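Q: So you can see what is in the structure, the chains are spelled out below.
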Amino acid sequence: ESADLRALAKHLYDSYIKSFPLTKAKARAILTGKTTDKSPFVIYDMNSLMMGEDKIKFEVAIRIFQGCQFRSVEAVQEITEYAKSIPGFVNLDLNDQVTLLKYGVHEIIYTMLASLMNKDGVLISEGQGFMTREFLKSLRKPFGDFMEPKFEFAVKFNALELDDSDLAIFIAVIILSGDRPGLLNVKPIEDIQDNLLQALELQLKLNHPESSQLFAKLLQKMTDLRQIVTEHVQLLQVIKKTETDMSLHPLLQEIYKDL
Amino acid sequence: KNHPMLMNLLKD
Numbered sequence: 207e208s209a210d211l212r213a214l215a216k217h218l219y220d221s222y223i224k225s226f227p228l229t230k231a232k233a234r235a236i237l238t239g240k241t242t243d244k245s246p247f248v249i250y251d252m253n254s255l256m257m258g259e260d261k262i263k264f276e277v278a279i280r281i282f283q284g285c286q287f288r289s290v291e292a293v294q295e296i297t298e299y300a301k302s303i304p305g306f307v308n309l310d311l312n313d314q315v316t317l318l319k320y321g322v323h324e325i326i327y328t329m330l331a332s333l334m335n336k337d338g339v340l341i342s343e344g345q346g347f348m349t350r351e352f353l354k355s356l357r358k359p360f361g362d363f364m365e366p367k368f369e370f371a372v373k374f375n376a377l378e379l380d381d382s383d384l385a386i387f388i389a390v391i392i393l394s395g396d397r398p399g400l401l402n403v404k405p406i407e408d409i410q411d412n413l414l415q416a417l418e419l420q421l422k423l424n425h426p427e428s429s430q431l432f433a434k435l436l437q438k439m440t441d442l443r444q445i446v447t448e449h450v451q452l453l454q455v456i457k458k459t460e461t462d463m464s465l466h467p468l469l470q471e472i473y474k475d476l
Numbered sequence: 640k641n642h643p644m645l646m647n648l649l650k651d
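Keeping their order, the protein sequence lines are chains A and C. Mind the numbering: the first sequence is residues 207 to 264, 276 to 476 in the authors' numbering, read in order. First residue of the second sequence: 640, per the authors' numbering; consecutive thereafter.
Rather than coming from a laboratory, the hints here were simulated on the basis of the structure. Beta carbons are placed, not taken as given, at the ideal position from N, Cα and C, and that holds for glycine. Don't take every hint at face value.
Computed beta-carbon distance windows for the label pairs [stated by the list, open to error]:
#: 1; chain 1: C; residue 1: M644; chain 2: A; residue 2: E276; range: 25 to 31 Å
#: 2; chain 1: A; residue 1: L401; chain 2: C; residue 2: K650; range: 15 to 21 Å
#: 3; chain 1: A; residue 1: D380; chain 2: C; residue 2: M644; range: 30 to 36 Å
#: 4; chain 1: A; residue 1: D380; chain 2: C; residue 2: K640; range: 37 to 43 Å
#: 5; chain 1: A; residue 1: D408; chain 2: C; residue 2: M644; range: 24 to 30 Å
#: 6; chain 1: C; residue 1: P643; chain 2: A; residue 2: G239; range: 39 to 45 Å
#: 7; chain 1: C; residue 1: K650; chain 2: A; residue 2: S428; range: 40 to 46 Å
#: 8; chain 1: C; residue 1: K640; chain 2: A; residue 2: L436; range: 29 to 35 Å
#: 9; chain 1: A; residue 1: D337; chain 2: C; residue 2: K640; range: 40 to 46 Å
#: 10; chain 1: A; residue 1: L436; chain 2: C; residue 2: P643; range: 32 to 38 Å
#: 11; chain 1: A; residue 1: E365; chain 2: C; residue 2: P643; range: 30 to 36 Å
#: 12; chain 1: A; residue 1: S245; chain 2: C; residue 2: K640; range: 45 to 51 Å
#: 13; chain 1: C; residue 1: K640; chain 2: A; residue 2: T461; range: 21 to 27 Å
Pairs of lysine-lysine, DSSO-like flavour, derived with a Cα cap of 30 Å [unchecked claim]:
#: 14; chain 1: A; residue 1: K301; chain 2: C; residue 2: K640
#: 15; chain 1: C; residue 1: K640; chain 2: A; residue 2: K474
#: 16; chain 1: A; residue 1: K404; chain 2: C; residue 2: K640
#: 17; chain 1: C; residue 1: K650; chain 2: A; residue 2: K319
Chain A on its own, in the form it takes in the complex:
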């Protein structure tokens, strides 16, 4: 039955709008400056950064880091609320609900971060900002390579033309994974994933019939995510060695057990 999967697909688009205030659509309207309804403040060097706050309400490299760490937590809270709305997620072994979040969360961040990105920068601060890719690359040595990996992935990723209804199910799929180290009841997690996967596959053919082997292409990107996360996890640690100036958030370092 296919009309069962269209229920699950439209259901996860309701949760997605309810759990994530800035969608890809709202972000496209902003990034497509042809919709110059209310443009954002471009931050392209250290001088336009200091002018950022005064206007778009908020060392530079540390200050930008602590910024993306403020949104990181506001994403896990939205992800986590979205995690709860995936059928059967609340009924799972609550010890594995933590394992699902711990390993799956950054992968959703980078997925949805690609929405706010294009070749040149990233929508920041509810879409009121737009920090430049080059400015970020031209940061201090340990940070000149913090966002660039994500910008390279997002360019490959956004070429799939996924929309919010698409992304929703793909988001659920990533969350529900058996691969995660330390899962207890691996069996009931895989049961629901196959539902989402089936739901994903059908949603993709309906909304993108004129691109065959798209459901194919998307899943290869699910493993590309784990490389971003890993490499980012380990580069976040060598900075913890040289930068005792930093105080990383509780929630983030609660999940930042590497490997």
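Mind docking chain C on chain A? Use the hints.
A: Frame of chain A, contents of chain C only:
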């Protein structure tokens, strides 16, 4: 080890 902050994001 069991991460306390997340469990309070699930209950609520």
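Q: Tell me if the beta carbons of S245(A) and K640(C) are separated by a distance inside 45 to 51 Å.
A: Holds, since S245(A) and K640(C) (Cβ atoms, about 46 Å apart) stay within the stated range.
Q: Measure nothing beyond the straight line between the CA atoms of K404(A) and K640(C); if it is 30 Å or shorter, mark the hint as holding.
A: OK: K404(A) and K640(C) at ~23 Å, within 30 Å.
Q: Indicate whether the distance between the beta carbons of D380(A) and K640(C) respects the range 37 to 43 Å.
A: holds (39 Å)
Q: Do the beta carbons of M644(C) and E276(A) sit within 25 to 31 Å of each other?
A: holds (28 Å)
Q: Hint says 39 to 45 Å; check whether the CB-CB distance for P643(C) and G239(A) agrees.
A: Roughly 44 Å apart at Cβ, these two residues keep to the hinted range, so it holds.
Q: Can the restraint linking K301(A) and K640(C) be considered satisfied, given a maximum Cα separation of 30 Å?
A: holds (22 Å)
Q: Are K640(C) and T461(A) spaced within 21 to 27 Å by their CB atoms?
A: Because 24 Å falls inside the window, the suggested range holds.
Q: Does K319(A) lie within 30 Å of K650(C) when you go C-alpha to C-alpha?
A: Answer holds: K650(C) to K319(A) is near 16 Å, not above 30 Å.
Q: Per the hint of 15 to 21 Å, is the separation of the Cβ atoms of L401(A) and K650(C) within bounds?
A: holds (19 Å)
Q: So if I understand the rule, the pair passes when the alpha-carbon distance is 30 Å or less; does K640(C) with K474(A) pass?
A: holds (10 Å)
Q: Does the Cβ-Cβ separation between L436(A) and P643(C) fall within 32 to 38 Å?
A: holds (34 Å)
Q: Please test the hint of 30 to 36 Å on the beta carbon pair from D380(A) and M644(C).
A: For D380(A) and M644(C) the Cβ distance comes to about 32 Å; the hint holds.
When the structure is compared with the earlier hints, no violation turns up for any of them.
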